[PDB]
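There are 4 protein chains.
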Amino acid sequence: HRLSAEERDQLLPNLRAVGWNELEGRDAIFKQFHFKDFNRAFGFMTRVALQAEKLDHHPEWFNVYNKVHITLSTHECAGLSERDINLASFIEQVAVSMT
Amino acid sequence: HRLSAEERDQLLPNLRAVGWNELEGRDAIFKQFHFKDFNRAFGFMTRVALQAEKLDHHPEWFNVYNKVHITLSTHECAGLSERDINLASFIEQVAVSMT
Amino acid sequence: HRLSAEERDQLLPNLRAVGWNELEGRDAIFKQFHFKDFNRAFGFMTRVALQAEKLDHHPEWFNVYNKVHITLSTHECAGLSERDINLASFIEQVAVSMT
Amino acid sequence: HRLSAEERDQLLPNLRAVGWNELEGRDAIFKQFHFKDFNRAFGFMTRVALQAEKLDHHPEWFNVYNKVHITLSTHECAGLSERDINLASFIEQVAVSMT
Ligand SMILES: C[C@H](O)[C@H](O)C1=Nc2c(nc(N)[nH]c2=O)NC1
Ligand SMILES: C[C@H](O)[C@H](O)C1=Nc2c(nc(N)[nH]c2=O)NC1
Ligand SMILES: C[C@H](O)[C@H](O)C1=Nc2c(nc(N)[nH]c2=O)NC1
Ligand SMILES: C[C@H](O)[C@H](O)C1=Nc2c(nc(N)[nH]c2=O)NC1
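Listed in order, the protein sequences are those of chains B, D, C and A.
Under the entry's author numbering, read the first sequence as residues 6 to 104, first letter to last.
Under the entry's author numbering, read the second sequence as residues 6 to 104, first letter to last.
Under the entry's author numbering, read the third sequence as residues 6 to 104, first letter to last.
Under the entry's author numbering, read the fourth sequence as residues 6 to 104, first letter to last.
Same shape as in the complex, but just chain B:
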């Protein structure tokens, strides 16, 4: 459940490429999203919410109007997990739709 560099090295890339980035002193990824508006932003969170509930993996996230910042780290391992990756992947599917 914890990211071994081989994994990181194979997983991280596609995310990094679209904007994901690792933080300092904490094993987690972050990304800022910026929609045109709230309708879109919320709709975007809603779909994420559904899935989060579906996989039992939650994001750390902030919102103001049309911006949403997301942070992903798994609680047990206390860093990244295959879980962060998928959620993230999923998130990406959703973001592009609105945009």
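No lab work stands behind these hints: they were computed from the structure.
Among these hints, one or two may not hold up.
Note that the list lumps identical chains together, so a pair holds whenever it fits in one copy or between two copies.
To be verified - Below are the EDC-like pairs computed for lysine to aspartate or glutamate, each with C-alpha atoms no more than 16 Å apart in a straight line:
1. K72 x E58
2. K41 x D61
3. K59 x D42
4. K72 x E97
5. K36 x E97
6. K41 x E58
7. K72 x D42
Starting from the known structure of chain B, arrange chains D, C and A with the ligands on it as the hints suggest.
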């Protein structure tokens, strides 16, 4: 209120082009949407929900898993008003983001 | 999977008490909810939608402004399953808070 | 409409009373909510989201699973206003409906 003639025959045609039909036995229009899953189906509903509350115009919708069926009519006038109109168009635009 | 009669007799009453009721032409439970407004109704759909997804069991539902009708049946058995019942149980919980 | 000092005294009270706080640094009130789970947490955001939109007054909130931090201030007049107040009040009703 109560779209007259011309407008009707100015405004609706665009909606019909897009699959909107006229309800038989009521002054309404309706259309059904089919999505890949519920995640899309609900997310779609939410965004339409924020808008409805915002305009103070609510649809009559039915949902099952990935299908969403929508009826639009104005209760005040017991029929199609421009309210319905705009809502539909917005709904269409939302449609597109997920379809 | 499909409820036996012993089963129905065990689970049903509690729901029947509350206001749920078998359908006439089919093996499902129905219940119509009424709220003060849309905010509330939509709010309540949101909580069940989350729940619906968590356990992959969805409802046939209908909404207009502040009313919500919910029909439950486990499709795969083509009638009542436990799913329907748990779900119904949950819908009851959500419903009581917005009282 | 950056609320007067007279105005503050009359409105804040009920708010102050419930745990709402004023921030040093900026004209804004804040509050941290805690729920039993994400479902509630999210069902909560949703109702709020609906009001936010209706009003055209959005929050600055962060969520991580079951708690949500809310920050209200009015961009328009760079400080607290009748709105943040109204809104905040509303947030409180919604919160109550969460068990
Ligand atoms: C039991 C535990 O609450 C559950 O497995 C969850 N864990 C986590 C979660 N979300 C994150 N980010 N990390 C977790 O460890 N949501 C659900
Ligand atoms: C005051 C009133 O109930 C409010 O403006 C609403 N009107 C309407 C509505 N929805 C419809 N379809 N028609 C209305 O006239 N939802 C909200
Ligand atoms: C694949 C299938 O659509 C999926 O397993 C679902 N099944 C069911 C469902 N909801 C109910 N009530 N019953 C099901 O059998 N929603 C999701
Ligand atoms: C046009 C303008 O962006 C709009 O009226 C909004 N204003 C505000 C808002 N949110 C806050 N907190 N303050 C505002 O002045 N969300 C929407």
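Verification of the supplied hints:
no., hint, in the structure
1, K72 x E58, "between (22 Å within a copy, 15 Å between copies)"
2, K41 x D61, "between (29 Å within a copy, 15 Å between copies)"
3, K59 x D42, "between (26 Å within a copy, 13 Å between copies)"
4, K72 x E97, "within (14 Å within a copy, 23 Å between copies)"
5, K36 x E97, "within (10 Å within a copy, 29 Å between copies)"
6, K41 x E58, "between (26 Å within a copy, 14 Å between copies)"
7, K72 x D42, "within (8 Å within a copy, 24 Å between copies)"
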